[PDB]
Every structure is written in structure tokens, then in C-alpha cells.
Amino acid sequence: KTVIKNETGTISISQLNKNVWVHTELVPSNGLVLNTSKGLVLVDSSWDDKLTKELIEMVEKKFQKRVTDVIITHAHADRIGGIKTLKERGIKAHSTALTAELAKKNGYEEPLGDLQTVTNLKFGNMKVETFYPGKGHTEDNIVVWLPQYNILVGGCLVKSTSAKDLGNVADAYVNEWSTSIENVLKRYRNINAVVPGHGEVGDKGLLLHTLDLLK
């Protein structure tokens, strides 16, 4: 897989696919860059505004298209933190209503609150499904599915192999997280890659790992 870094090793993009890339910023945090016929779409932005601006500028320059949309997978900072940058640049920031409600409560600018339990979006030819599986890492966590690739973005709901515990559980629902993981396994029975919130890309084994960490 082709991999491209900025000057610092602070931001790195790894090609999963002709049109799907994983972005990682330095903990490392992951999201996706979707190279579509109508622009770039990000699944998650970055830790804060400084890194979000750098991420956008890197990908706009490389791919020679604008970032048009971001999907925010929960209302914590590794996730909501670049919202000011998105809003001021006219980048549409999609989220569930609950994620937007939580962002506002916590003093962040609000994403759109447009995503339902299951939402199907199309960006050029790129199909994206968002799914709220229930509570887990947070109340509001969603996953994102690319049905043309059978790629799942697990976000913080899904732990990497290298994670040997659940991490920050202060906002977690450790008794509903296993059911939520089961909901993802039931919906998506044939998965090619799973992108955890943090750590190396894997497959359905990451979901099984997360289940074991919850015991």
C-alpha cells in the first residue's frame, strides 16, 4: 500500500483502495479520506483545529479537489475538535442529532445532526452508510460502512489488536458496548477491513477483540 506523510510524521495517509485512504494523525488517531468524483469526504477530522487545517490542506493539494464533507463519529475531541475549521470553510459536518446535542453541551460548534440510525449518503459514485449501533465507547458513537469495498470504520467503538484495555471509559457504557458490537457484526457479516479509532487496520477480529476486552 502506498503511504504519504507530511513533513513532520505528524500526519500520514495510507491507501486502502483506489479511492479510499486512511488518515492518521499524532496517541495516533485514524479516519478515512474518500477520493470521490465530487470532492474529498473525510470520515472524522483530527484532534484540534491546527491538525484539521493541515489534514485538509495536505489532501486538497494531493488529490486536486476540495474537501466538501466530513462525518463525525462521536462528540469527543479526537473527533469534534476541528469543527470550527470545518464550519468556517464551508465544509459540511455530518453527525447524528445526539452527537450534535453533546457537542453543543460541551461548548463546541455544532455539526448538522442529520444522520439517523441508518443513513445512506452518496458522494459522486462513492456510497457511504452510517449506522448507530447503540451505546459503547460513548453514548453517541457511530460506525461508517463503505458497501462498495466492505470496509468498516469502527471509530473508538472498536479497539485495535495493540490495545490491551478499553482506554477512556469515563463516558462509556460497558454493559451495552458488547450488544452494540453484536449489532455491527449482525449488520455487516462480510467485512474486508475494519479501521479502529486508534491503531492498525484489521478485520472482524478487531470486533471480537473488543468483545473480549469487555469481559
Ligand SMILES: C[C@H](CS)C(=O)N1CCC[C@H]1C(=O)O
Contents of the next structure:
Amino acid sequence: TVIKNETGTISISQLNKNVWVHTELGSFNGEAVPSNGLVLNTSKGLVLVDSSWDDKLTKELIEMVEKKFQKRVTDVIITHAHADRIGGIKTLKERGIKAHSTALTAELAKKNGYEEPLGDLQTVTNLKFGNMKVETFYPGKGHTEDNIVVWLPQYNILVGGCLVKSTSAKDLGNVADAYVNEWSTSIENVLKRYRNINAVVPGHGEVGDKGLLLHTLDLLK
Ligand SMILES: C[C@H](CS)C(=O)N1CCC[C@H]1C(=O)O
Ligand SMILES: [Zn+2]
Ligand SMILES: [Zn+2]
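Please give the other form, namely the form solved in complex with the ligand, since only the form solved without the ligand has been shown so far.
Everything in the complex follows now, all chains and molecules, and the chain you saw is the first one.
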């Protein structure tokens, strides 16, 4: 099941009964650039993994999911301090939506002029929202110094975020903020921690499996 807004700039795609991928198009130099996160439909509200490029898109994403699922967005996990992830932080804060992050992500957000998420996540943090279990894991530096992954142990779904490249990505993209001698080790740390993975959601591009991790390793050669 895929559901879209009018222009198609926001889309939600169902992985299972309570887990959807959200995808938004940002516009840069005339080019549409998609970005993915997660929508978790829990008994106590909606939880997102990541916001979107800006506040306009974040507001519309929130409004779409609250209407559809008939409950409020209560929490967002921000997986690094780039605009695709954190661009909607003003909206989250003013609506009273909790914005979780590592301390480092919050430190980088502040340095770069964004409002700050909570800085509450550790190297491993286990959260529960209603019956939905969520683990966050900092595997080390890669796409950025601060990138984290999110694991849903009830589904063995990994949100790789922008640490993990989709099959369609043929290069590493912008590496200004990346750690290209460490990114492989960080990917290996993910593979070590999660030895049995169903889906892997990359930050940009199509959902895949463990193969996306191996693809990212190959791109780093
Ligand atoms: C703006 C995002 C932040 S993760 C980005 O760097 N992307 C998005 C797609 C690839 C890569 C790039 O521009 O090189
Ligand atoms: Zn990024
Ligand atoms: Zn990204």
C-alpha cells in the first residue's frame, strides 16, 4: 500500500501492519531529491524515524499521518544533523513532539544553527512506545560523524538512514562530512550487531535487505 499527497512530494509505503516508510521530495537546483524515514503506528501514538527537508514538508507529513492513523505524532528519532533528517525540528519543538537524538547530533545541530533535539540517546538505547520496541545504535562514524541506525527487534527491520546506500546509488555522494576510512568499520559493526535482518531502509532510494550493507561496503573500496 502506497499513499501520496497531491504533488507526490510526500508518500507513505506500508512495510507491515504498523510500519510504513515516509518519503519526501526536496527541490535543489531544479532537481527533486527524495528522502526516507519511518512511521511507527503504536498503541500510544505515532513515532517517526526522521523528519524531512524543511518545516513545510514536516508539517504536511505529520498532518497526513495523524489524519490517516487517527492518533498524534508523539516522538521523532533524528538519525543525524543534516537537513533531510532534522530540517523540521522547529515544527517538532513548537508542537510538543519529542525529538530524540544522540548528544553529538544535538551538538552538531546547534553548531549549524538548528534548534536542538534532546541529546538523550546513548550508544545503545532501548525505547518502547506502546507495544512497539525500538533500539537506536551508534555504530561509529561514516556518512557523518554522528549517524545512528534504528532497529525494530519485533520485525528485524533496520533503518540504515544515510549510512546505508541504496542499490541505485552508484557512488558515496557528498563526503564533505563523511569519514571514509571509518565508514566500513561502522557498517561492519551494524552487521555484527544484527545478524538476521529482514528489510533495510536506506536514507535515499528503495528499501532493500542486508545486501544494501554489502553494497555500501563495495562503494567504499
Ligand atoms: C543532502 C543529503 C544529506 S544525507 C545528501 O548528502 N545526499 C542526498 C542524496 C545523496 C547525497 C548527496 O547530495 O550527495
Ligand atoms: Zn546526511
Ligand atoms: Zn540523507
